[PDB]
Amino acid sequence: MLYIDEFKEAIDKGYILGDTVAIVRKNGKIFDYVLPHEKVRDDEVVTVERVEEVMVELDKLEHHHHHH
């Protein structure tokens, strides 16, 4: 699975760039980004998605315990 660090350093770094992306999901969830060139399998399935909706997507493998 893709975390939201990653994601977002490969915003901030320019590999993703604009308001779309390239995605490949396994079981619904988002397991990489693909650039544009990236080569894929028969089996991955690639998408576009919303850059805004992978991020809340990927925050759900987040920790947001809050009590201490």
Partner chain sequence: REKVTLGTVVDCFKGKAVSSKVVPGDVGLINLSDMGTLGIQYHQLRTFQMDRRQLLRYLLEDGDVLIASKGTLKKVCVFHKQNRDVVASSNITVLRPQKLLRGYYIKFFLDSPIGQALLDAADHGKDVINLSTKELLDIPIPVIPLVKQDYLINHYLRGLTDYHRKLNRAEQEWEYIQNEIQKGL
Contents of the next structure:
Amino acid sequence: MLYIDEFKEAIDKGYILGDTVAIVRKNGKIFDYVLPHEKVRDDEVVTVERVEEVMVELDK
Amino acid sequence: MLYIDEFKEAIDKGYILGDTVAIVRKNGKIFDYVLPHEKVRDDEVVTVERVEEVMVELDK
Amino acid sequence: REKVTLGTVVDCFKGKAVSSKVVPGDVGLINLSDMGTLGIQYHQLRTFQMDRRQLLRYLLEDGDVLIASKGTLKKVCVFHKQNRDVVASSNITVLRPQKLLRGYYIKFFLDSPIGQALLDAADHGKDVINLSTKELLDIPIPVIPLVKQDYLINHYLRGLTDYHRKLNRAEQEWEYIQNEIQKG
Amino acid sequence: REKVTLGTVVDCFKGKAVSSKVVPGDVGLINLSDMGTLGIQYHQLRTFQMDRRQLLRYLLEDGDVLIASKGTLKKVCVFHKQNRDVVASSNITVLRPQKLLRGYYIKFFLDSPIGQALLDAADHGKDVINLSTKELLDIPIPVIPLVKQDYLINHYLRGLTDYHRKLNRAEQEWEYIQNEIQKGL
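I would like to compare: after the form solved without the partner chain, may I see the structure of the form solved in complex with the partner chain?
Below is the entire complex, every chain and molecule, led by the chain shown above.
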């Protein structure tokens, strides 16, 4: 499970650059993010979302 | 300060024999018992009371 | 083997009940937390005040066996005379050898496979400990020569002291090495 | 001596946040309770399960420095490669040496009188620890030859392993005397 501290940390480290990020969603909720060279499983649903908006959905 | 377990124990050990026992009272309350060969401070008030009655006063 | 029942060779009394509200005074207190596996932790005993008369009843003497009659683990220690007056707390049962058996010999026995079986059979508490003095005092111990108990006690004690030396030296060496390196 | 700032020679990341509801699986977990003074208590680690992608980010490697970034004890241990995958918890800050410095050399420095001062100066917590990663990474470390670090680390490790030799042998003997007596009766 992805937590709010791990997402911001990846942003401050320069691992999530730009205004968008690949996000895997389990059953509609945020499960994980995906960096450029990482492996997405065949059964996972990847959407490209905005970092500010992904950061606020985690706040809840 | 004397507690109900310490008084009980002295009765079952055979140290408090008979139906009465020497009792030192501080400020009106039971403070200790005195066995046959124990030394009472000059400033302590010894009264000889019944053990059954001293057992129930500490019970409260 | 001939055996004597524990209550025929010892004077047994529970320790003094001391409230957390006592003036840290002169007489030390042994609690469950001061009963170590290697003996009593005399350096961390809680001090307090007690009247001369009530103190004289609970005063401990060299060789007394302290048994944890409350708590979560049945610990057994032998008292070594200290530089001050020391009493056991109400969670401890005191055994003062009268004749025949040495305090440390009783300590070995209660810490033996059979000793634990006999002590747990005297336990009146399910999850916590409520040792029954009556049944504790009914425990039978093999009786052997006093000089032979002392020989085994002298050998137990030297191993205990040597165990402390060996432990302290390994720690004193590890700290020397540790600091020979900060020099760099 | 010249000094390199910790942030220029290591990759630093906080550990994985793991909720108490986990499926004990295959990946081991290091928490504050597993950070002893003589190293990590690998035998009592809480196991759990993690996806491969997220596990690969937090996976630990031989020589990482684990730092207690929360709690009431500022501990510092170096990770030794195990026969399982092991990650550190969110209460721990991982330092992965890049160049110049050895993990254990950073451990010695942060265990030194000045190291503790610099670690306490980076603390944002009065009663608890709330280490500041930025201030942590501004810490300057003397930089020495790599073979000289290895030489002090090789002997430090010799003393640590010898420290366990002596302790286990002292306990193994005391247990033998103890049983020499019990059998005597």
